[PDB]
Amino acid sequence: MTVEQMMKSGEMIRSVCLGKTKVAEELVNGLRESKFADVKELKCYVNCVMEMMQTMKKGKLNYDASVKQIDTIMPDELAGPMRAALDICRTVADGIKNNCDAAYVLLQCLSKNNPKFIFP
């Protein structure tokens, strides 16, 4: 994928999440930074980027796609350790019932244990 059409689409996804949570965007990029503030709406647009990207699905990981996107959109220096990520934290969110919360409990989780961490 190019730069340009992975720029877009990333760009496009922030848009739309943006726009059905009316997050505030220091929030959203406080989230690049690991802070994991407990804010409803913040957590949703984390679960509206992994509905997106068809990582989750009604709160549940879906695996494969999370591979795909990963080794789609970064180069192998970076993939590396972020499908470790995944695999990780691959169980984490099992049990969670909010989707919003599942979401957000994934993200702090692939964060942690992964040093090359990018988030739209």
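Positions refer to the first chain, counted from 1. Throughout, rigid core stands for the largest set of C-alpha atoms superposing within 1.5 Å between the two forms. What changes on going to the form deposited in another entry:
With the rigid core aligned between the two forms, the listed residues 54, 72, 29, 91 include just one Cα displaced by at least 2 Å, namely that of 72.
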The other form holds:
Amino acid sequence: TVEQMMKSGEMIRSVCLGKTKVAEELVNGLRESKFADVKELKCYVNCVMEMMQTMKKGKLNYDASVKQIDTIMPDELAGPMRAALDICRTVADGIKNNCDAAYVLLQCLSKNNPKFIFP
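To complete the pair, please output the form deposited in another entry; the form deposited in one PDB entry was given just before.
Partners and other molecules have been left off, which leaves just the chain.
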């Protein structure tokens, strides 16, 4: 729902901000298709996906991801997010570095979701 999405996103942001020592201005940039090749930012994205059960050890879990998407997001955002996850399902496969794998997946989702949003 809207309220749950906001609560979850707010909590995940503060946890992953703290863990990855990323600059908050760079995190804000992720909603603006600014995707600089910054290690802390890549790892911030990986932390978010791990807290959402979407990636585990640098690999997408499709079923868990969809379960989380449906559980957290209102339909209006979930639907477009699932459709983008389908297009992007294999884009990060075989990328060894977890933070790099998560970032490649994020870039694809943003490129393929007209209603993209991220904590």
